[PDB]
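Missing here is one protein chain; the remaining ones are kept as they sit in the complex.
Chain naming follows the written order as A, B, C and D, and within any one chain the residues start at number 1.
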Amino acid sequence: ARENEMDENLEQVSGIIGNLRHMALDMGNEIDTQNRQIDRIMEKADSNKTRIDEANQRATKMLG
Amino acid sequence: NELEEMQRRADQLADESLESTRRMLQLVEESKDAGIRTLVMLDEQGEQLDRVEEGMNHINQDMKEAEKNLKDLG
Amino acid sequence: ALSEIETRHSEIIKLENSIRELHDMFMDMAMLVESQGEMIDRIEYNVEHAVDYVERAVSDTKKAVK
Amino acid sequence: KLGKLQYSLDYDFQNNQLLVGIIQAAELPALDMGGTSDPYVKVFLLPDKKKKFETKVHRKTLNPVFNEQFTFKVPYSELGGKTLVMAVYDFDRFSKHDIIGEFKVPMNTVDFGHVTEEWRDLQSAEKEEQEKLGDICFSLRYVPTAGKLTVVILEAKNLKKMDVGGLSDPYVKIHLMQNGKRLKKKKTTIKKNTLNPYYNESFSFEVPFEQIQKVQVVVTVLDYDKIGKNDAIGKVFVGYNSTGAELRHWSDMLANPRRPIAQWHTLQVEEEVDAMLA
Partner (left out) sequence: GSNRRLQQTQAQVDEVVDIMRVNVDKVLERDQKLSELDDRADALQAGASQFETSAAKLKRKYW
């Protein structure tokens, strides 16, 4: 029967789609955590930029 | 009349639907592979982001020490 | 009826098109994540060089008040 | 020695049936007792799993004459997807009936409009390695300075049926083995009722880079049974005494530091794996 092969294909497709749902969910969670992590890294980047710029400013001023 | 053409139209459309389901299977399999590779890449980039954040921390500590030394020179 | 089999065929093709949109969406996902991986590699390079330069400057400033 | 087989083939379009002719086989090896063999021919269609036909038994003849005809109830539209298989077997009273030689004709090359009849030299039948057990994909990441080994159990597919009347209840247990002693036993969650389980579960171990070439990682896929000991589906091992794709993945993990490598692996039977584990 060809309808049987069709329905079997439908079932396999359904299960694989569910697996893709789990993958999409875990993917999304990891993406969110990495976005927060990027925010922290950028905050530290601005702080270290401030410290380096100020230290180089005073260091250049102390020339003499 | 068009009776034979009607039956062959039913079998033909059924064939197109079946091959459509085959295309579905191939597409969801490729999507599956690309998704897995995407997850692994996200793991690599994630650990890299962790070591980058720890690097920023070490830069912050060292630069704080250099700030202290500059305040000692001042 | 040809109406029944034809409507079933139409719904099947609709499911195929939805799975095509999801498919291209997954491929776009992998591509964007790849390019982001390259940019992350470059960021890691710049951060490492910043670690080296910061370490040198800290060493010198520590050795200057000695 | 490659023998010959004389076969007929014709299609009945009125009743939509396949007429297969077994005429005679020629130049048969002197198997069975000394001098002469005992041949019987089993005929069956390749895609279908229908009941296989077998000819009469001919006692002590190297050139047997069957002159038998079989009918296969097959639609002509589906016959494009089928292939005819004719296998010449040998008869043994007290031993396993060894197959002498088989051959197959793809139905897409047969012109059933004109009556077909051909001589075909037999070929030695191909053999399967083992029943399909399954594959499992996971990634390996190693950083020497910290000694952390991240094994991310990704997924598996095409797992063998275990519970009777059902598909499977798979879960993954990884054993860190060394010197024939089990050291760390980690396991994943149970994904109930599936043949393509998905995990995406990260695990970690302590592996110094001074012992990296003396540790074994045993990835074991098992099936959960609600009552009784959970039977094991399959298992693979990477590290020392690893062969082929396993040593390939381990070498990729070593050549790629601070980076994960995702890879598939073909499960082997628990007995032969435990045998390969010295």
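Heads up, the rule we're going with is that contacts are C-beta pairs under 8 Å (C-beta built on N, C-alpha and C of every residue); 3 or more make two chains touch, one makes a residue touch a chain.
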Chain not shown, touching residues in subunit C: 8, 11-12, 14-15, 18-19, 21-22, 25-26, 28-29, 32-33, 35-36, 39-40, 42-43, 46-47, 49-50, 53-54, 56-57, 60-61, 63-64, 66
Touch list for subunit A against the chain that is not drawn: 3, 7, 10-11, 13-14, 17-18, 20-21, 24-25, 27-28, 31-32, 34-35, 38-39, 41-42, 45-46, 48-49, 52-53, 55-56, 59-60, 62-63
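Operating definition for what follows: only the chains that are shown with their structure count from here on.
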Whole-Å gap between the CA centroids of subunit A and subunit D: 40
Subunit B and subunit D, separation of their C-alpha mean positions in angstrom: 32
Chain centre separation (subunit B, subunit C; CA means) in Å: 6
Contacts with 2+ other chains: residues of subunit A: 13, 16-17, 19-20, 23, 26-27, 52, 55
Sequence positions of subunit D contacting 2 or more other chains: 155, 200
Sites on subunit C touched by subunit A in the complex: 19, 22, 26, 29, 54, 57
Residue ranges of subunit A touching subunit D (in the complex, touch as defined): 15-16, 19, 22-23, 26
In the complex with subunit C, residue positions of subunit B that touch it: 6, 9-10, 13-14, 16-17, 20-21, 23-24, 27-28, 30-31, 34-35, 37-38, 41-42, 44-45, 48-49, 51-52, 55-56, 58-59, 62-63, 65-66, 69-70, 72-73
